[PDB]
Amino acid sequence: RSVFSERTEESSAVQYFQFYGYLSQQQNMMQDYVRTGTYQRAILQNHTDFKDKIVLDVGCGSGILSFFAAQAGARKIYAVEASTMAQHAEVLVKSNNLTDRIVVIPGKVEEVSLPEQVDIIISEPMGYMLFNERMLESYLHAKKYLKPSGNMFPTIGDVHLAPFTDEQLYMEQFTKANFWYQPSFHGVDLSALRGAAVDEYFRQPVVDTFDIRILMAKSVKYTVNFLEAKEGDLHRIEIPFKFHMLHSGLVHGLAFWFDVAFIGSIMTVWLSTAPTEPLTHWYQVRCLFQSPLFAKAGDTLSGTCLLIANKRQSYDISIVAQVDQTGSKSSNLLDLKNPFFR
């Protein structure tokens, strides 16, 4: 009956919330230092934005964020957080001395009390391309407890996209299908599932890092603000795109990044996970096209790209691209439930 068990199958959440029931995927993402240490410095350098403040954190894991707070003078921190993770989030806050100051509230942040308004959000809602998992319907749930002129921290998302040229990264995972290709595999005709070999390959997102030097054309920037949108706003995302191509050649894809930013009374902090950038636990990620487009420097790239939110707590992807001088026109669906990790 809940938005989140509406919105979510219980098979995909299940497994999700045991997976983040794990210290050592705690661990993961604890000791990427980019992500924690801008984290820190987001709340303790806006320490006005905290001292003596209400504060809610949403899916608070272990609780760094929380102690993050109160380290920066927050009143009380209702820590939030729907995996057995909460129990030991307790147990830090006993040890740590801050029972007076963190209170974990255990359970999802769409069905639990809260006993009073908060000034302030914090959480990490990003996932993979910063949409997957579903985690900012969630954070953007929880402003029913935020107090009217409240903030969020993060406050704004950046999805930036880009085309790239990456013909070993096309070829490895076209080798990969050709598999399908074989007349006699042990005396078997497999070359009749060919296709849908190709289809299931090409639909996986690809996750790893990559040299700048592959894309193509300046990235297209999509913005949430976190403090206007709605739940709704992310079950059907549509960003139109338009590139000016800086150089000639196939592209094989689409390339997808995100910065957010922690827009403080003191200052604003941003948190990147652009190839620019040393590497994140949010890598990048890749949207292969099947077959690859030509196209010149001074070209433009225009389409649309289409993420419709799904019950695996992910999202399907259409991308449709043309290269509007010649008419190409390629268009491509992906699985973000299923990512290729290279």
The other form holds:
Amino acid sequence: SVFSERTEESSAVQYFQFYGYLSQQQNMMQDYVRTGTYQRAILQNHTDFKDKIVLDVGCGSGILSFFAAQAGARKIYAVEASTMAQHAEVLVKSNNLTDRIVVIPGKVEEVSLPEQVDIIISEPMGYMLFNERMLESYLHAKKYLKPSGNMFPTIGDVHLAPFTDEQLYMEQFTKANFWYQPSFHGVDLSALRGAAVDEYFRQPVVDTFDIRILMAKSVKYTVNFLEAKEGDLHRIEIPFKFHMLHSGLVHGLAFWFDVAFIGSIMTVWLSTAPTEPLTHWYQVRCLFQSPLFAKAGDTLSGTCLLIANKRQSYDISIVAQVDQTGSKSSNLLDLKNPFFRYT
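Form deposited in one PDB entry already given; the form deposited in another entry follows:
Below you will find a single chain and nothing else.
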């Protein structure tokens, strides 16, 4: 299938096992910004669901299917590849919705639907929006969508902005300098210090932060889920040209995302920006190997290239330079192995 050719089976097994746990469902459900905004987006756009046919891609416990039923949907096909599908079926039975919600266990790329649907709903967003590569399954599901059907969420915006965080940067060497000692119990570890530094810098930092570390207004990359194709997510090139609002040392780029539910009645936004209440997506920061000095008015230009890999994530390549001085930096990061710094 399209999923199998895209995914190492060892990665897929560990991925769907992770989502088989009720504790993981609970963690996402207790995110009030997340769950509450999805409910409002669906209920306040009730005409997009009243007497409609709905597909729920990756329904988990089925909470979005229940919101679609609260909004008056006639039939909801809830597809889930993890063992959580068994628990969703129990909830559909116990909530007396067997006539209106049909749980289909399996991958959306491999299951069969009895009919085309009017609207697709899903939560395909990972870290930095794209992590987990679930957006491809979401777009793949458009093969079940009627010609003028809708999608909830409809569009996604990824934001990038340069930041300064001297303490976060120096922290990488503090940790790596453990190896810079000539007699650890009699052993000289110093030859591995450089490898330790490289390892820490390859890790994106999943964390929240104060918005005053940002040094320029964000740049935005938009995906229209109604138009985008699966293949458009294999290689995501995000050029940027920041006009620096503040002078200082740029230590990397910060990432966040917003999705929009564009309904017939209204548009509802779900935002993970650092100016908004914290969600379980937090924000993501990728450090530069070498910081770049920039003064206010300067321009920091470069490219963030996301290359999809078969571990359901992306290799991140960031290149940046201060145009006025020519000093440049780069970094290669593995979005699959982030550092969860928040406490």
